[PDB]
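Asker: Spelled out, the chains give:
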Amino acid sequence: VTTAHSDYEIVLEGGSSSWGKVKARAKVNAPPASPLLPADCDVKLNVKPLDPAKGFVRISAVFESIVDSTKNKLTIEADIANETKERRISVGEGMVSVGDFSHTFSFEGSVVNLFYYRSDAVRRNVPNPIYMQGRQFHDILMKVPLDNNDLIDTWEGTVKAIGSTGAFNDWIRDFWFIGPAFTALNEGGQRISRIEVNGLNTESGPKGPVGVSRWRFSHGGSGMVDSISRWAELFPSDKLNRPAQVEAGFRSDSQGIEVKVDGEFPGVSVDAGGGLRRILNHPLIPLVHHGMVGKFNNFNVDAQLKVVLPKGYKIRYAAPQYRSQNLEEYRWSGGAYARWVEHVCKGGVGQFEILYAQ
Amino acid sequence: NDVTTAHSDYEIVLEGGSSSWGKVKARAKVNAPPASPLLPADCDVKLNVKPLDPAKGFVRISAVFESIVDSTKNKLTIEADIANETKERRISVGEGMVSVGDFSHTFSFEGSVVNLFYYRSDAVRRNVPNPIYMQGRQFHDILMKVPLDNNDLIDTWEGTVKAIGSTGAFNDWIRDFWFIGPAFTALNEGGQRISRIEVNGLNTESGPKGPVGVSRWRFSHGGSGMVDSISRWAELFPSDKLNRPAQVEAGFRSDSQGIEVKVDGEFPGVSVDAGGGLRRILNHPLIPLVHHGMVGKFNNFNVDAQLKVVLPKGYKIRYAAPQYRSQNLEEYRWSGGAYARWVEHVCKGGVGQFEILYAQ
Amino acid sequence: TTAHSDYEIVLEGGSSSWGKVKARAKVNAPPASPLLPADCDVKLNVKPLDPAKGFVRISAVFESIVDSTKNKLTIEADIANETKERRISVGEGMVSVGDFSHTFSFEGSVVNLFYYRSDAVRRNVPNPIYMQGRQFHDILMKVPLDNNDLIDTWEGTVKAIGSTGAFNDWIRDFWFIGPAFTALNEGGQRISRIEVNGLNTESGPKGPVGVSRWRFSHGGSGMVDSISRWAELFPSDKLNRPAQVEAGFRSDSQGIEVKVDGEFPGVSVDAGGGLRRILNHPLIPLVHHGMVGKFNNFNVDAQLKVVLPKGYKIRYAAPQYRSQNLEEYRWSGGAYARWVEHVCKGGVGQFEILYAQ
Amino acid sequence: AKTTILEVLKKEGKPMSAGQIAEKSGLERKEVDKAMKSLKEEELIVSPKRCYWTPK
Amino acid sequence: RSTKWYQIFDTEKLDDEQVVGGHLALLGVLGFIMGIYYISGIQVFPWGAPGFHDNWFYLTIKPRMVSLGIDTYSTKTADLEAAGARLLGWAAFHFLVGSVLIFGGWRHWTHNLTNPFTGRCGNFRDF
Amino acid sequence: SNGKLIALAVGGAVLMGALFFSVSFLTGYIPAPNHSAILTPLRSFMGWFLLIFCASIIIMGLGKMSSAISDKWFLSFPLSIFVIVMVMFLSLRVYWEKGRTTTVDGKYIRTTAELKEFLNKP
Ligand code: BCL
Ligand code: BCL
Ligand code: BCL
Ligand code: BCL
Ligand code: BCL
Ligand code: BCL
Ligand code: BCL
Ligand code: BCL
Ligand SMILES: CCCCCCCCCCCC(=O)OC[C@H]1O[C@H](OC(C)(C)CCC\C(C)=C/C=C/C(C)=C/C=C/C(C)=C/C=C/C=C(C)/C=C/C=C(C)/C=C/c2c(C)ccc(C)c2C)[C@H](O)[C@@H](O)[C@@H]1O
Ligand SMILES: CC(C)=CCC/C(C)=C/C=C/C(C)=C/C=C/C(C)=C/C=C/C=C(C)/C=C/C=C(C)/C=C/c1c(C)ccc(C)c1C
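From first to last, the protein sequence lines stand for chains A, B, C, D, E and F.
full-length UniProt numbering runs 8 ahead of the 1-based position in the first sequence.
full-length UniProt numbering runs 6 ahead of the 1-based position in the second sequence.
full-length UniProt numbering runs 9 ahead of the 1-based position in the third sequence.
full-length UniProt numbering runs 2 ahead of the 1-based position in the fourth sequence.
full-length UniProt numbering runs 56 ahead of the 1-based position in the fifth sequence.
full-length UniProt numbering runs 4 ahead of the 1-based position in the sixth sequence.
Calculated from the structure, these hints are not laboratory results.
We put the CB at the ideal spot given by N, CA and C, even for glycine.
There's no promise every hint is true.
[Claimed, not checked] As a list, the in silico DSSO-like pairs of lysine-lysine whose alpha-carbon atoms are at most 30 Å apart:
| no. | chain 1 | residue 1 | chain 2 | residue 2 |
| --- | --- | --- | --- | --- |
| 1 | D | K58 | D | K32 |
| 2 | F | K8 | A | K29 |
| 3 | F | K120 | E | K118 |
| 4 | A | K81 | A | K31 |
| 5 | D | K32 | F | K120 |
| 6 | A | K268 | D | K13 |
| 7 | F | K76 | D | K4 |
| 8 | F | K120 | D | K51 |
| 9 | A | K268 | F | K76 |
| 10 | C | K168 | C | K247 |
| 11 | A | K31 | E | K60 |
| 12 | F | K8 | D | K26 |
| 13 | D | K26 | A | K81 |
| 14 | E | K118 | E | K132 |
| 15 | F | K76 | B | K35 |
| 16 | D | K32 | D | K4 |
[Unchecked claim] Restraint ranges, calculated between C-beta atoms of paired labels, are given here:
| no. | chain 1 | residue 1 | chain 2 | residue 2 | range |
| --- | --- | --- | --- | --- | --- |
| 17 | B | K93 | C | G216 | 51 to 61 Å |
| 18 | B | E164 | D | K4 | 50 to 60 Å |
| 19 | F | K68 | D | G28 | 17 to 27 Å |
| 20 | B | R126 | C | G216 | 33 to 43 Å |
| 21 | B | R132 | A | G207 | 37 to 47 Å |
| 22 | F | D75 | C | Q253 | 51 to 61 Å |
[To be verified] Partial selection, computed: residues in chain B whose CB lies under 7 Å from chain A:
| no. | residue |
| --- | --- |
| 23 | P188 |
| 24 | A192 |
| 25 | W223 |
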């Protein structure tokens, strides 16, 4: 019958604190769409305010995933700060490790996200500007110590290709969107500009040769791209006055998929207007990119959302109405909420507007 | 399994003889969430067209979109005199006004649209009776003037002029600005390849309203035959068959709970001659179907659809795929069985055929 | 809505991967063709021609009837994998539609260059699926123009190339008609602008023959079988016998009927440790048929029979089999039906079948 | 979550423990003794049902 | 909010066909309950054993049964057994017909008015 | 971990039973004409608990019924009651009152005339 049992929970904090405990478990009997299974993964994201004076937050992400028979691990740790309202600066390190291979990397990239229109006629008229068209440039300088032989071989191959292939700048695009990514990208409204490789350099380090690559690209969003439209909302460094955590994971086999998520992070609540708060506008990139997998099996949802408001807060509006109320906990279960869960699980971008106020 | 109800009643009242006119009524109710991140979404569209000058080819079309999205009121009015100059070209001289909340601004435009098919094969036209996929390309040459009588208008014009003359990549990224939201997907999902634009003019002057900003831009968009705006070029705008004012009042009232759709209008082009006095309903446009498929796949549903065809006096249907369920001597009714399958197929994004052939 | 499918795999004994595949499918769903009465009688064949050079003779026929219009296409080819990245074919064929007919000949070289061939990925990932790359595709086409339509089409093509420099860019719209263009995006393909080296014409035994030496580039992000699995899709070395696939197909308003019957190699591969693997499922078919498989809900009535060489018992069937009777493994219902619905609607999840030596 | 308690029309019950405790033993009551088994079965039926019932 | 557990079947959430199906399913349930009540008035089984005691349900609906000849106000065991056989037959008829009614109400509630014996469907709006 | 919840609940019930038994021994009472003093206190405690437990599970199950009720219960809610009611009626015949309550002889007293003739036995 292909049931999908889910349970979501959003505990909030009072005042202007946009902090939230987001818990979410899911179990789906439908097969996953990964051509290699079983696929297991655990992702941790811990960010701490390192130098609040300059807006620097140290964010560390650890991915540990077994695919088929190979273990893979990607760790990153970067101090990220808002250089301006449109520019963000990151200095970080990390490593990748796949079976009998591994290599570290250090990067000093900068991301400049700028919209295409900043008209006030729209901001004063539309209180909920979901779509915001924009372009996000990345100037990425990354260094990798070529301790292993395969690293050196790939460096030599890239050097040969860039210096000989006149169409490297655009074919790299369909290189580094491996498999269905290059599809989902286009299905999310995202465009990628032909990269410019400002330079390849074998600037050796203290303990062996180091491949240093500086390259600039840009991804453009038609508004459905949350990484562009919701730019300032992606980075609550101002809100980060304490460590924020996320611990997610999924176990997938031909039998089905299981998902766990437990996080404490800000940006969950945003001011809709006039002292009224709102659970943040749902990002649309996850939904449209899920629609590339969620439309493959006919499923029936058993979902239950549990929004635990802070002490003294009331919900003034819920598009799918809440099923029950425990004087601070509002429960959505079945009815229109189940339809909306089936709608977003299959790729829908419908609005789930929870407005709440003290 | 759990599915959502989708009720629909359609009615096509047809006229006989050389008259290709038809009344179209359509009521629909869907107990499924919409795909609009801004909800609720109300909208009413009133397209009115009239024959402005017979024997000259000029009609006047009046499109009145109105919508209320997230308690924000929007309204576009267009009044355009359109005329087919040659087989592959037409010209539109029109005016209009867009409005959002308190803001509003008017505009005027003169636009030449060419539509060139990629081939002129007599081999295909002598063999294929239904040339659906007629690939080609449309070239718009739009010139447009806006009275810049607002601070926001002049700010936007300033930003545009300082952007076009600064970044040479403007012609490439104007598209991802221009097709807001999922519309960019809908560019290729329907096979529509919007091309890099060419700004042929960015002048300004002083008109009776004050400063007026005039922009001329040419842009070509191609089609692999799935683009109904290209393959059906001579069939989507029947200026010759417009001997009477045609009207179309559409609208929807999509709440979070569901979608209510109401359409009512009379216009020509519903029927075409398939040869040998065997009239038929026009080939279904594929762009609306494939574009609605992006949203129609989000929920699993059961649909009860009632297609009524009110034929004129003394007209017999000859073939219908799927078959009609009840005739009532003129009112051919489709409902359930394979027709419900077809309605689900197209409401989920399908482009399956519904070839109603009828002759006197 | 029901989809009754019966699959039957019969693998040949020994190291050979030769197999006979039967597939009888019947779906009570409307097709996604603007012309519904669509019938096809595809008949692909291939026989060895010169093992000393690997030359194999392919013979494909695509007789079809769409909307009472007879559309037939035949291709004879002589193909060889000269370099294992470059493949060269010399062949001919004909295209007929209704009362129109015209022949053609071709000499085509396809160089499938992978972006990366690093040994780390190969040695760490036991089953590499997504191998992004690019095919550089050169074709010399010799088409006799003994018809008015061909003559004026050739003249119009020359005029178009001489008039617009966007011919290379805009020919992609003409090249993939209908949703085919979308099949490039959903399938991860990306076709580059064509490169015409000359639209010549020469006197022939009867009238002139137009010569088109045109080259393009088809890149794949890894989801493309022709890019990722370029070597494994053309087993000219494993062709110890003639191979033949016959695919009948019918579609009307009522439903779709499919009838595949084919003996061919490559239906099994080596996986290491003495365990052979029923080959990885191609990804382009699933993600391209999913563009039509999402148009209707259906109940799965699928049944798969796997007949293996005796003593080659299956290990790690994921999803698992339902019934085994001495080299007839059977899948029906359960997780297998979920996976059948998954791949019908566009899914590309793994159906891993391993059988021991 | 997994939502082990899975109500269905085929919901006869498939936990091994609470399934074996689905026994009644309300017969030969001897109210002190076998109705104490009725109490035990109700307890060991509700406790799993409240924890988890149908993993099968 | 109309999501309270006592507003689940509210009219705003149900169509005319849904209400048809609900009423038919409840009428089949009603026939099943009526059969239960009938078999609650079978003082002596035709099997030849003492039967159910009196309950307020059957004692309420017994005068109607006597009026209709289904039951009896006789003390003779044989006649009461025959009338219990009549009650069992009528209760079985109610069970079967109510099962058919629940089936039809399910089909109307599921908006699936397709004949099991013929693939021809039906239109609630036009029949 | 809900294991400790059930552990505490069962320990509390067991302790209630043990306390009832101990105080029954403490409280000096003539057991009965026939019944013992080992089983009767346990019978009373069984009634005590079974009552409390039945009320608690009824409350909890009806709360979760109100929580989980939906349109999907269209056939799940009514038919269930039907079956339970059916079971109840059958339970009246086979378990609680097994028969029609004729005399020991089996004369089937069924009219007021014979009831008058019976109650006045000589
Ligand atoms: C380098 C990446 C960027 C960035 C990119 C994005 C993007 C893009 C999005 C967010 C979104 C959000 N981010 Mg952020 N985010 C950054 C740094 C931060 C910091 C911080 C101070 O460092 C904080 C506190 C946050 C917190 C938040 C919230 C404001 C918001 C999610 C709310 C929700 O309910 O989540 C619920 C959370 C859960 C469901 C858990 C999800 C856990 C998984 C493991 C994370 C996603 C993984 C993804 C599927 C796989 C990508 C792997 C990569 C290929 C390596 N981000 C950095 C600088 N963030 C989203 C949002 O709503 O924007 C308005 C959004 O669109
Ligand atoms: C939609 C797919 C194509 C497209 C295909 C066409 C087609 C086809 C036509 C035009 C026409 C026009 N196009 Mg255009 N055009 C597109 C995008 C654009 C954009 C843009 C969004 O930036 C612009 C500025 C223009 C500019 C213009 C004008 C030059 C001209 C008249 C506009 C107007 O008054 O229409 C009036 C607008 C309304 C009627 C609103 C509703 C529009 C829809 C598409 C009509 C549906 C008809 C309905 C099914 C039948 C109703 C019956 C009624 C009785 C009429 N196009 C896209 C890329 N364009 C016309 C022309 O060539 O003029 C010379 C024409 O025939
Ligand atoms: C500026 C726009 C273009 C144009 C663009 C198109 C396109 C593109 C298509 C049509 C289609 C049709 N048009 Mg036109 N149309 C033009 C002018 C006309 C004139 C005229 C003499 O002026 C007439 C009589 C028609 C009439 C018709 C029919 C021949 C045909 C629909 C048949 C059917 O049953 O519809 C049933 C009608 C309904 C279901 C009503 C739908 C109501 C809505 C409001 C109209 C569609 C709006 C769209 C979804 C949203 C537009 C939003 C934009 C942002 C503005 N159009 C102008 C010149 N028209 C289609 C057809 O089949 O072509 C062969 C088609 O592909
Ligand atoms: C499909 C994805 C790729 C592609 C990938 C490949 C691959 C891979 C090969 C070719 C080959 C050829 N391609 Mg190509 N090619 C594509 C698009 C094109 C287009 C076009 C209209 O756009 C053209 C003109 C060509 C032209 C050509 C020829 C020059 C050449 C030999 C044809 C042959 O004999 O066909 C015969 C045609 C048929 C057999 C029809 C059916 C084709 C399908 C794909 C066969 C599937 C196999 C089936 C499941 C099992 C068969 C068992 C039988 C017993 C054999 N390709 C796209 C972009 N092309 C070959 C080569 O390089 O020659 C040197 C080759 O190996
Ligand atoms: C010109 C085309 C290319 C070519 C391109 C491809 C592509 C591309 C694919 C294969 C695939 C396969 N090919 Mg090959 N292949 C070529 C030459 C050969 C030769 C040979 C000695 O000449 C042989 C024996 C094979 C045999 C095989 C198998 C190894 C494999 C299918 C296994 C399976 O279970 O099939 C089961 C078979 C059935 C389901 C029957 C399917 C029958 C239909 C008629 C074939 C597909 C038609 C397609 C949808 C429409 C083509 C339209 C064109 C416009 C003509 N190919 C030539 C040179 N081959 C697939 C594979 O696994 O790749 C790794 C794959 O994706
Ligand atoms: C016959 C006299 C009344 C009438 C009597 C009833 C009764 C009585 C009931 C309905 C029910 C409904 N009525 Mg009414 N109804 C009438 C006319 C109407 C009209 C109209 C005129 O068009 C409308 C629109 C409705 C609308 C509706 C729906 C809200 C609902 C049916 C859908 C559904 O959920 O059923 C399925 C509904 C159920 C699954 C829920 C109720 C289940 C019950 C409690 C199960 C009992 C089983 C059995 C009796 C248990 C044994 C107990 C022993 C006998 C002691 N009624 C007339 C005027 N209607 C039922 C409903 O629930 O209303 C909300 C309901 O209870
Ligand atoms: C309807 C759903 C259930 C059902 C539920 C019940 C219920 C409940 C009861 C019976 C009872 C009876 N059932 Mg029954 N019964 C059903 C199907 C049947 C069928 C059949 C053809 O399948 C038959 C032959 C019977 C037979 C019978 C009799 C043994 C008995 C007396 C019926 C009689 O007086 O009705 C007379 C009916 C007619 C005159 C038809 C018209 C009825 C009018 C419209 C009733 C409403 C009047 C009121 C004033 C309102 C009028 C409103 C408007 C102004 C018109 N049932 C199905 C299975 N059955 C009764 C019982 O056991 O009595 C003790 C009883 O009350
Ligand atoms: C339990 C009997 C239920 C019921 C259960 C079913 C079942 C079961 C089926 C339908 C089907 C249909 N029902 Mg019904 N339906 C009931 C009453 C109604 C009511 C109403 C409550 O107002 C409506 C609007 C309908 C309407 C419809 C049609 C849409 C459809 C038949 C199409 C047609 O051409 O058939 C021509 C004939 C019909 C309109 C008659 C439909 C009603 C019944 C079968 C006959 C008359 C009622 C009679 C007094 C009681 C006999 C019931 C039998 C014991 C089953 N029925 C009766 C009370 N309905 C049937 C189907 O789709 O047919 C192709 C089907 O298989
Ligand atoms: C009417 C029956 C009781 C039912 C009352 C309901 C209780 C509140 C229930 C919530 C009410 C409500 O509103 O919501 C209902 C919600 O239910 C559900 O949620 C759950 C939490 C899962 C329900 C389970 C709660 C629990 C496990 C069950 C209840 C708790 C239990 C275990 C109750 C019993 C406890 C005991 C037995 C109490 C008594 C114990 C203490 C005693 C006897 C003291 C002894 C003294 C000693 C030490 C010695 C004595 C001594 C002295 C002094 C002197 C001398 C001598 C000689 C001696 C011996 C759904 O999830 C939601 O949907 C739904 O809404
Ligand atoms: C087209 C239009 C406008 C429509 C017109 C269409 C028509 C004419 C209407 C059809 C109308 C029709 C035919 C609809 C008929 C609907 C029926 C028969 C539903 C009956 C439900 C029973 C209920 C609610 C259960 C109650 C249960 C209780 C609480 C019992 C409690 C109880 C009692 C009392 C005593 C002892 C014990 C132990 C208990 C538990």
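Asker: Against each hint, give a clear statement of whether it holds in the structure.
Answerer: Going through the hints against the structure:
1. D:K58 - D:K32: 35 Å, violated
2. F:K8 - A:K29: Within the cut-off at roughly 25 Å; holds.
3. F:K120 - E:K118: Given that 30 Å is the threshold and the Cα spacing comes to 24 Å, the pair holds.
4. A:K81 - A:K31: 24 Å, holds
5. D:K32 - F:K120: The hint is violated at about 38 Å.
6. A:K268 - D:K13: Answer holds: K268 (chain A) to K13 (chain D) is near 27 Å, not above 30 Å.
7. F:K76 - D:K4: This hinted pair holds, its Cα atoms lying about 20 Å apart.
8. F:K120 - D:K51: 55 Å, violated
9. A:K268 - F:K76: Holds, at roughly 27 Å.
10. C:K168 - C:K247: 47 Å, violated
11. A:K31 - E:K60: 25 Å, holds
12. F:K8 - D:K26: 26 Å, holds
13. D:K26 - A:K81: Answer violated: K26 (chain D) to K81 (chain A) is near 53 Å, above 30 Å.
14. E:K118 - E:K132: 17 Å, holds
15. F:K76 - B:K35: Distance ~21 Å between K76 (chain F) and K35 (chain B) Cα, so the pair holds.
16. D:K32 - D:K4: 41 Å, violated
17. B:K93 - C:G216: 51 to 61 Å: Since the Cβ atoms of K93 (chain B) and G216 (chain C) sit about 32 Å apart, the hinted range of 51 to 61 Å is violated.
18. B:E164 - D:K4: 50 to 60 Å: Holds - the Cβ-Cβ distance for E164 (chain B) and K4 (chain D), about 59 Å, lies within 50 to 60 Å.
19. F:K68 - D:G28: 17 to 27 Å: At roughly 25 Å between Cβ atoms, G28 (chain D) and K68 (chain F) fall inside 17 to 27 Å, so the hint holds.
20. B:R126 - C:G216: 33 to 43 Å: At 21 Å between Cβs, range violated.
21. B:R132 - A:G207: 37 to 47 Å: With Cβ atoms ~60 Å apart, the hint is violated.
22. F:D75 - C:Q253: 51 to 61 Å: 55 Å, holds
23. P188: This hint holds: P188 (chain B) lies near chain A, its Cβ roughly 6 Å from the closest one there, short of 7 Å.
24. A192: Violated - the Cβ of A192 (chain B) stays beyond 7 Å from chain A, reaching only about 10 Å at its closest.
25. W223: 16 Å, violated
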